[PDB]
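Shown next as structure tokens: one chain only, the form solved without ligand 1F1.
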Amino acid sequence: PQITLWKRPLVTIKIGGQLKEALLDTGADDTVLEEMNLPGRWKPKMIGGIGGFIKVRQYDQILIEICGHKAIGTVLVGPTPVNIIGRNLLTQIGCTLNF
């Protein structure tokens, strides 16, 4: 699809069964979701941005569907104000910025 930027680019994703809303975020290195359980082992990580840092749990090799496009990669879980799809998964669905 082509998504204009008049409003926040929110999309439906599917992860670990659950359907969630998430923001397509070209400024994010990583994908970060609100607290949830995911399968497999995890390790702690600190991520930063506006406002400073938060501690998150890092899960690798997680499968996600973004607008029906399957993508696999690392997903971070923690106290993010909003679900964010970052570049690590945006690349997998062939997402580009165009102007």
The other form holds:
There are 2 protein chains.
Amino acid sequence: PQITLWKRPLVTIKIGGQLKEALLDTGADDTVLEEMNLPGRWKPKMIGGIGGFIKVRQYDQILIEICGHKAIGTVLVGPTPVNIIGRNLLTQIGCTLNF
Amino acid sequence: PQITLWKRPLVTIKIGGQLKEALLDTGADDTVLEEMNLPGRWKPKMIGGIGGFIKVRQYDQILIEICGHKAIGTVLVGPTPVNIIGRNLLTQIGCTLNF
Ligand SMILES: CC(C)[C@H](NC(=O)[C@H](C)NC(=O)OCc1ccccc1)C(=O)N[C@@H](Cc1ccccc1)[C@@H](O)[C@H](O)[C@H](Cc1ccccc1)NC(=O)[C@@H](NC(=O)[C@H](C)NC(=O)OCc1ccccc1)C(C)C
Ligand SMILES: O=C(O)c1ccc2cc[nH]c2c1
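Would you mind generating the form solved in complex with ligand 1F1 now that we have the form solved without ligand 1F1?
And the full complex, kicking off with our chain again.
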């Protein structure tokens, strides 16, 4: 699709077999989602943003669908106020900025 | 341009005869710079991110060029480690996300 930016670019995602919604975020290096269980072993990570740092669990090689488009990569899970799809997954679906 | 997301989408901006660089940020409602010398007065404003909330300095009607595209809008000055072009200005240059 082509998504204009008059409102937040929230889209449907599927992860862990569950439909969620998440922000397509070109200002995020990483993907950070709300609390959920994911397969495999996680490792602790800190991520920083506006306001400071938070503690997350890093899961590698996770399947996610973003508007039906499949990506595999690292998903961070933790107490974020919004589900964020970062560049690590945006690149996998061939997402670009255009003007 | 059509900008891929393998690295941060930093672009040249011009504000008050100063060239800077800033991140094209679809996850930012607002535009936030670390500094400028924006014409005098400002209004306080709160913004939030992943780590919590921060007070910033709001300036209205600021003229900015983003990759040579002229825009006018609100610019916040706040504790961001990276200059951020948010959706309030991305819309003005016709920027979209595409996949
Ligand atoms: C999501 C993270 C993985 C992401 N960070 C990174 O990519 C990394 C790895 N961080 C990194 O490099 O950190 C280095 C660092 C950290 C701390 C100190 C010094 C240096 C990030 O926070 N990125 C932000 C910018 C940034 C980039 C690099 C370093 C630091 C900050 C966004 O682009 C990102 O899009 C977030 C996503 C987000 C949205 C909503 C909630 C939480 C997070 N938006 C924002 O932080 C913006 N906020 C907002 O747009 C919101 C939601 N609105 C808002 O506040 O509106 C007004 C309002 C709200 C509430 C009440 C009243 C008014 C902000 C830049 C303006
Ligand atoms: O999920 C956790 O138990 C946890 C605890 C501490 C840290 C530090 C970074 N990530 C963490 C996750």
